[PDB]
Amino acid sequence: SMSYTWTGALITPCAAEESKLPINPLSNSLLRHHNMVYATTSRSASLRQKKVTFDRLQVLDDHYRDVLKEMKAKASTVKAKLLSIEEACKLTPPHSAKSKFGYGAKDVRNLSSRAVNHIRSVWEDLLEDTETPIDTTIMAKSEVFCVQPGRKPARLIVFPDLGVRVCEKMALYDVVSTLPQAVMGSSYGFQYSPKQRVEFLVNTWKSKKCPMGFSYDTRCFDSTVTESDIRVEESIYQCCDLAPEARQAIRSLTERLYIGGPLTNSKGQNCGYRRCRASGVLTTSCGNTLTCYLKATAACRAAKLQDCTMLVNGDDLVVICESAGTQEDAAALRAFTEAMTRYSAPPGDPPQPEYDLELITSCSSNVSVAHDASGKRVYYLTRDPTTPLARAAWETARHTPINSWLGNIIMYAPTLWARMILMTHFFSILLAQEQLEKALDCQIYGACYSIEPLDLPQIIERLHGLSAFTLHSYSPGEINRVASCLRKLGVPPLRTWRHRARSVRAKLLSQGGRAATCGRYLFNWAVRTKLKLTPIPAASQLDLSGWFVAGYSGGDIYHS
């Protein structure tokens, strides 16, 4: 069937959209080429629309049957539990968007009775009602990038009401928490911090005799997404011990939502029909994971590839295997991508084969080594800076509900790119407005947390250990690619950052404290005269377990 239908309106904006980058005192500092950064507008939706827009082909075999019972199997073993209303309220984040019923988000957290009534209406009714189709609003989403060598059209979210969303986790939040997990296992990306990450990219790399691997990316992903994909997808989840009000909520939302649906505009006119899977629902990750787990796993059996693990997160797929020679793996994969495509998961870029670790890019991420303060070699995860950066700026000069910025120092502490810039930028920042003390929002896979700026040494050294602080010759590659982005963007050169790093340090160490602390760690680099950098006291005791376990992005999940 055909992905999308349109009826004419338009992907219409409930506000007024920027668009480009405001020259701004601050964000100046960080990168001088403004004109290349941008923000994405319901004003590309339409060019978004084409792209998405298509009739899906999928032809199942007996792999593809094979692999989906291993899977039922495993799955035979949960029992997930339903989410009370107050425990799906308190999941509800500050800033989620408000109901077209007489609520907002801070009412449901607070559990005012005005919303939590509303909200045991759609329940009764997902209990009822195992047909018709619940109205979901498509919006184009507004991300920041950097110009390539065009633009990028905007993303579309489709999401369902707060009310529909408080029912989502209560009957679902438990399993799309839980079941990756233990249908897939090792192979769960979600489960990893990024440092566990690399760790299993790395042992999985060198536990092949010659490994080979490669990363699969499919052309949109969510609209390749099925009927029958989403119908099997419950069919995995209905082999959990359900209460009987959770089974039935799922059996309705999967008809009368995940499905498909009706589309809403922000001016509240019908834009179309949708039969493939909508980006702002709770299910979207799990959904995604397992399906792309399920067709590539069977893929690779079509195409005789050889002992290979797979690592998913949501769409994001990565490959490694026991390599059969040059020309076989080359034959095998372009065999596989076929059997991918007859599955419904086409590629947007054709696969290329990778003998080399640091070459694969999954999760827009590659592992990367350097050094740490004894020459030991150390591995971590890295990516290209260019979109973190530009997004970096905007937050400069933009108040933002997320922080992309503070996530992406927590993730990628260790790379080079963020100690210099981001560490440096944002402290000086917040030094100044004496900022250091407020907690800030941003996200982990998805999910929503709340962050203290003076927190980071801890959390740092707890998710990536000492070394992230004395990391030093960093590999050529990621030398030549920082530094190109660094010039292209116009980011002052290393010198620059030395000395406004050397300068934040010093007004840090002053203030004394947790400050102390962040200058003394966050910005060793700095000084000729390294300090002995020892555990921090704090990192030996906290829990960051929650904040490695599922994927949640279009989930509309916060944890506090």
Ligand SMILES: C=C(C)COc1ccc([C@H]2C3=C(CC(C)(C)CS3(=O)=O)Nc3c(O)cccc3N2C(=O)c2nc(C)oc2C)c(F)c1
Contents of the next structure:
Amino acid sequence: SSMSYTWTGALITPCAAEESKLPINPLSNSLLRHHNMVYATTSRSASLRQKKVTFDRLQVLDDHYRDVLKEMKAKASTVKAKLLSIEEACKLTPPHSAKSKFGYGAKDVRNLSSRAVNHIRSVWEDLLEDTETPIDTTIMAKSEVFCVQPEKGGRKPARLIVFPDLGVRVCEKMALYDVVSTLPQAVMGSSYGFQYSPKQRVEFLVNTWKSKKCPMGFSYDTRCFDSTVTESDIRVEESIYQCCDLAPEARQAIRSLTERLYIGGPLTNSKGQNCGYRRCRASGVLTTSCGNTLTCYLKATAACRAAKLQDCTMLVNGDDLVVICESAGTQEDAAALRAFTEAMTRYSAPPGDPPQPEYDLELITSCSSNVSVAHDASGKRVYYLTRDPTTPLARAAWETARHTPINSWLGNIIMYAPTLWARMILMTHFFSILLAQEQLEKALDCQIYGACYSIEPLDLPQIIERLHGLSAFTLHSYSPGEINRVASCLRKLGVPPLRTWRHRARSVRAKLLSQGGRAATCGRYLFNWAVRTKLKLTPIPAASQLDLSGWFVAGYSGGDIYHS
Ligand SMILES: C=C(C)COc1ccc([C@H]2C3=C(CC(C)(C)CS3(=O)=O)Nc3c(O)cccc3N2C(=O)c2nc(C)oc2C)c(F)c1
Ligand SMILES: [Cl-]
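Take the protein just shown as the form solved without the ligand and give its structure as the form deposited with the ligand bound.
Up next: the whole complex, starting with the chain shown before.
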């Protein structure tokens, strides 16, 4: 077999009470009135997810697969990776990262407390000495906020997360942080998605599209990607890692983590009960983003060859895959894509939805997002990435009513700043509240490509200029399709219409402007859309001075990474 999971019967348990309903709160109600449509997942649906992620995997490798692997290993051979010190590794730990079972937590780790450091050291020596004993993991149900989808069904079950102890996570950083931050670009080149800011990603897609004589593209969605990852896949990943120049201890640690953690191991619930056994990818280890990306790139590159797709360019982020190629015609494209899917299926990665050939770039969705067009102040066409705002808006409402450790609304503003909905709704709403509570200068945690950053709202204009360009503050004449998707979403969720948001923004803009300093800059740049008599926007001096060096280098979702 090789089942992805085996289960004992013990339940996946919560470690505290779980909220599932949006509260009825004046602050969140002014953004979204249909509160009954907004829910959070809980452990109560864990068994539904367990059923979905548990299955037998079929895998047959072939010459195309072996050829692509060799090519990838030859590129990995150019990489030299360094060991992180205990200090560097500790400072990469998020302050609210899950505590250890052995008497210390994240703050102790970041503070280099002797008890934390001593344990981290014992854990490391154990990786150097013990090459085989499976390492324990905890399994938990993830709490996440969605809007009800009565067409698709009703409610999504919780996702499951599997992660080792805090001490092990620190050791993973020491051995592999530099590998996972450098190796994927060296191997995959321009295909590695996490190297691109938002404006660079949209440029890559558009330039790629325009580079073909007659372009065709598709996204490919693998069903339960993490559970399709076999022990063989994980050993192949390691074989690529082992091509880097490594310190001896790093090389041994990688070999031991592979065997003891990454290929599988025991699952324990929050009550300490043996829950089952994993033989697939764990969502909460440092190598999940990097390994999923390599794995998906290897399988898809090899499947493109089998399918005989012509002049393919791929963009890969973890399990998210988009391919743009030269059309051979309607029927031959449909056939070629069916061959592609069969080859992926043999490699263990069958599709959820069958892929569909697309002949318009705007109709491809990758990393939740699609290309759209607007115009800048001078009328020039500007391309940007957008997405359906339903989930962002639901989450923003939840985050307004409940203090959460990570603010998705802030990540959405940063990453979707040129969109009609991020500008008119998210910026207006959150700047209104922060202004009212006098908290514009207080730093808030968000995630960018899975890593956690602490950001001041007042630094948004500079950050946005860097990620999107100055046109982010001047876009208008959005496409009718985009406008209509947003407006219909607002009606669905009971969010006031865009006309109301314009009225609210004029008032926030005025108050920001009144305060001078960085608030005035926010007023001037973030809300220029809200006035007829517009201000001429020049480049922001602080923008060129920003250190964004580590922002768009690699993906770290599930990897417990905090960047200062
Ligand atoms: C630049 C663009 C505009 C388009 O491309 C993007 C856009 C966003 C991300 C980040 C992010 C998100 C939420 C944000 C914005 C709120 C924060 S984010 O930047 O981390 N979502 C998504 C998705 O919705 C879908 C895929 C991946 C991620 N992302 C992850 O990293 C990630 N990986 C896993 C396993 O789960 C998650 C959530 C990305 F990687 C690429
Ligand atoms: Cl092989």
